[PDB]
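Here's the letter readout for the chains.
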Amino acid sequence: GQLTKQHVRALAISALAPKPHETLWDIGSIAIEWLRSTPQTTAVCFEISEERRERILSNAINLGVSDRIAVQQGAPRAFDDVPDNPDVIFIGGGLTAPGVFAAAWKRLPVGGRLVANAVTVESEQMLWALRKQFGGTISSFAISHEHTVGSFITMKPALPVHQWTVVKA
Amino acid sequence: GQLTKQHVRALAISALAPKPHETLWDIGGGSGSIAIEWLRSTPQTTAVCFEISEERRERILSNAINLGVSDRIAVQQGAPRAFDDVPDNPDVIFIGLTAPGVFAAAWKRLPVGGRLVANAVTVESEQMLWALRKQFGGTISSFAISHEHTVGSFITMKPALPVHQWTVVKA
Amino acid sequence: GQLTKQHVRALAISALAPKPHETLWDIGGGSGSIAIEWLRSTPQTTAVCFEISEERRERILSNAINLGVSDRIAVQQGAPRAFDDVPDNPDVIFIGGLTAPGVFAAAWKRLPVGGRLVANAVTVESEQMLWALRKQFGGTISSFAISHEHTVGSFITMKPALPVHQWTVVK
Amino acid sequence: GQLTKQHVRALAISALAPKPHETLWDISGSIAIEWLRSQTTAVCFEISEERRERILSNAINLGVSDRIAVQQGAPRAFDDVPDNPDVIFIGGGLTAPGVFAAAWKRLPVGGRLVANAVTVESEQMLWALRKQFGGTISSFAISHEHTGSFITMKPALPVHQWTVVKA
Ligand SMILES: [Ca+2]
Ligand SMILES: [Mg+2]
Numbered sequence: 003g004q005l006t007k008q009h010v011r012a013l014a015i016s017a018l019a020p021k022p023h024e025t026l027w028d029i034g035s036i037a038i039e040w041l042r043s044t045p046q047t048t049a050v051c052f053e054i055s056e057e058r059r060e061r062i063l064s065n066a067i068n069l070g071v072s073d074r075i076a077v078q079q080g081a082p083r084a085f086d087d088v089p090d091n092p093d094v095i096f097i098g099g100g101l102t103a104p105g106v107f108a109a110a111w112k113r114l115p116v117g118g119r120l121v122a123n124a125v126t127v128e129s130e131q132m133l134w135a136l137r138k139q140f141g142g143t144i145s146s147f148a149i150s151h152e153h154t155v156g157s158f159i160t161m162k163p164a165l166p167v168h169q170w171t172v173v174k175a
Numbered sequence: 003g004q005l006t007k008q009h010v011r012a013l014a015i016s017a018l019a020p021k022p023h024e025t026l027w028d029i030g031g032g033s034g035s036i037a038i039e040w041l042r043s044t045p046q047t048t049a050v051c052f053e054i055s056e057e058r059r060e061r062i063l064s065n066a067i068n069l070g071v072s073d074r075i076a077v078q079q080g081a082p083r084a085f086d087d088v089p090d091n092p093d094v095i096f097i098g101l102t103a104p105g106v107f108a109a110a111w112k113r114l115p116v117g118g119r120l121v122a123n124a125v126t127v128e129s130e131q132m133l134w135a136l137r138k139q140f141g142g143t144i145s146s147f148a149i150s151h152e153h154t155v156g157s158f159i160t161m162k163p164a165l166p167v168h169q170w171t172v173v174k175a
Numbered sequence: 003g004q005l006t007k008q009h010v011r012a013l014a015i016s017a018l019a020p021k022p023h024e025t026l027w028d029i030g031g032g033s034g035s036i037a038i039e040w041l042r043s044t045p046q047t048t049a050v051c052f053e054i055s056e057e058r059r060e061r062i063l064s065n066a067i068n069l070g071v072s073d074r075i076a077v078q079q080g081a082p083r084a085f086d087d088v089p090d091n092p093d094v095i096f097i098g100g101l102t103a104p105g106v107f108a109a110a111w112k113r114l115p116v117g118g119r120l121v122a123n124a125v126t127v128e129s130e131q132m133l134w135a136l137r138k139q140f141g142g143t144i145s146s147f148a149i150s151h152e153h154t155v156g157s158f159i160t161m162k163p164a165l166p167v168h169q170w171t172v173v174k
Numbered sequence: 003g004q005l006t007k008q009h010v011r012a013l014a015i016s017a018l019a020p021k022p023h024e025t026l027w028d029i033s034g035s036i037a038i039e040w041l042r043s046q047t048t049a050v051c052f053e054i055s056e057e058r059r060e061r062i063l064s065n066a067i068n069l070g071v072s073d074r075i076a077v078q079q080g081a082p083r084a085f086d087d088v089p090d091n092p093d094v095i096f097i098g099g100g101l102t103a104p105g106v107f108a109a110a111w112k113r114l115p116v117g118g119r120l121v122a123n124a125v126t127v128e129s130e131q132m133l134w135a136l137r138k139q140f141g142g143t144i145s146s147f148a149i150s151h152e153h154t156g157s158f159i160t161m162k163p164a165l166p167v168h169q170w171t172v173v174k175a
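Residue numbers (the deposited numbering), protein chains in the order written: chain C, 3 to 29, 34 to 175; chain B, 3 to 98, 101 to 175; chain A, 3 to 98, 100 to 174; chain D, 3 to 29, 33 to 43, 46 to 154, 156 to 175.
All the pointers check out, no bait thrown in.
No more than 20 Å apart at the CA atoms, straight line, and that leaves these computed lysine to any residue pairs for SDA-like: (1) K21(A) / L5(C); (2) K162(A) / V167(D); (3) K7(A) / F147(C); (4) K21(B) / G70(D); (5) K162(B) / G3(C); (6) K138(A) / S157(C); (7) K162(A) / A164(C); (8) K7(B) / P20(D); (9) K138(B) / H153(D); (10) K162(D) / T143(B); (11) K138(C) / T154(A); (12) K162(B) / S146(C); (13) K21(B) / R11(D); (14) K138(B) / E128(A); (15) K21(C) / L69(A); (16) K162(A) / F147(C); (17) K162(A) / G100(D); (18) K7(A) / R11(C); (19) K21(C) / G70(A); (20) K138(C) / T160(A); (21) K7(B) / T143(D); (22) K138(C) / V125(D); (23) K138(C) / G156(A); (24) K162(D) / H153(A); (25) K21(D) / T44(B); (26) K21(B) / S43(D); (27) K21(B) / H9(D); (28) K138(B) / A108(B); (29) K162(D) / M161(A); (30) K138(C) / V155(A); (31) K162(C) / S129(B); (32) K162(A) / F147(D); (33) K162(A) / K7(D); (34) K7(C) / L165(B); (35) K138(B) / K162(D); (36) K162(B) / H153(C).
Calculated directly from the structure, the hints in this document are not laboratory data.
With the hints as extra help, turn the sequences into a complete structure.
Next comes the structure, spelled out in structure tokens:
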């Protein structure tokens, strides 16, 4: 269930290697989670859906971090709303969507870090382009979970995630 | 999903290692598919199938007829009560696999130096091959097979459930 | 390499689910990896370590210091024995030496109702044991195959590491 | 060792899915040979003199030798065989310059194609061909039992297999 989904998140925040001085731009899960495992780290979210937004700020509340997270609107023109530059960046997919990556590699100070997940054929095709241009590393995770069927258990193989992780030059 | 069907038999067929003058018992899950291709891929061979439904037997043998391998297949009923019909000792056995008593029964009929290839689809099934491997010798391999899968604007590579496959020679 | 050694730590931390006033027993392979992160990821926690080597205990605590986590870790010797000298019952346990004679039943007697243990297996022998302890105390098993680029010449391949099995449970 | 290589060929041959009296152009000798065993023929193209020497060696050892023709390197050698192939295998490098276009040219419509890709590069290329000409991409994650006092399951490298019929 949400199992699969927590195992992905753990891999994302690990890649990102939070320091406390630093501010995330998640492009409402990876942002919120970055707000519970490291103090003095703030997350900026960008979300084109009002409804999904009402949701990110909503759950921001459970873990008492709501006033660190800023839920913004959609890429990439939302960035101009945010004058304060980023240090670490998460794109959990949506790399294929134009003007978006370009726009954000720009808002990123050199020495600034990046992690991108890709779980489509097109998504992953992206990761290799960006990777082959700016460097960084690609690793991937094949995760399966235990599934019962009346009198039988099997190992449901989740979809694979590729993860780009780069430092900027 | 029918691509998984294709790819899995092949591996099964790779594994079985069909030669001149050999007989295959093809026992259990979807009895006939491996028999029919065993019969196809190789000249001068015999297959026996074990099928419960009077009418699932009436689709295995009908199909054989078509590929022209009706000559060399028999369709018996369900094992191991149907092993007691078939008199000659088989050369190779395939199980697609944990029914009460079907292994030991079928196995009391394989002669020294015979070969059997079994496939697991559940964990209960997987853990068994590990224990029949312990005594009986043999070697276990694994197959995750993925097929493109296009939801709307995006392909992913959707994984089938993995398949476990035990291939040993006896003695 | 050290990158599945990072990534495996991550999944084990997320699984252990650290909360306030909690005490981890971190037992077995590489005792300390999970502990100092467990400690260095959540204010207000104590972790317990069980290492056999006098020289390895000296380096775990060294690193707990160098992470300002010196004052919430005890570094004991090997279980199951070293359980007998640690007085307070653990809140969560993690095993990564998953099958030493005795460690588990021992580790286990010490765990309260509705307490949590997450274990790692990397071999089949370990893996089929999680499956047996799974069948007693409940809980759930998932598995991780992690790959990294491997540029053997002009051609990168994606290069799989050995899988890893993880049992997480509530007593 | 050669095991995982056995599973590999077992798969290609299925997707290749031979027909009686069909010609194959296999662009080490594995699949040409394999093609030839299970009245069909095979044309091997091989840059490698020392492997060339080797495939005829195997075709004889196994015994379909006057059914196999070990050619030289592609795509240059392509023009040599004036007789059109009915089915192509690329297990070889499909990113190798001019190799792919040059043989899709020799392939009649209704002719089939199995392509194997086992690198990041070769796989990314395998998607480019798929987009233009069609066909299907599947991938197989094969591991094997590997034993000190323990057994573990060594994951082989994954194969992306492209299979397509020509329109
Ligand atoms: Ca010469
Ligand atoms: Mg009737």
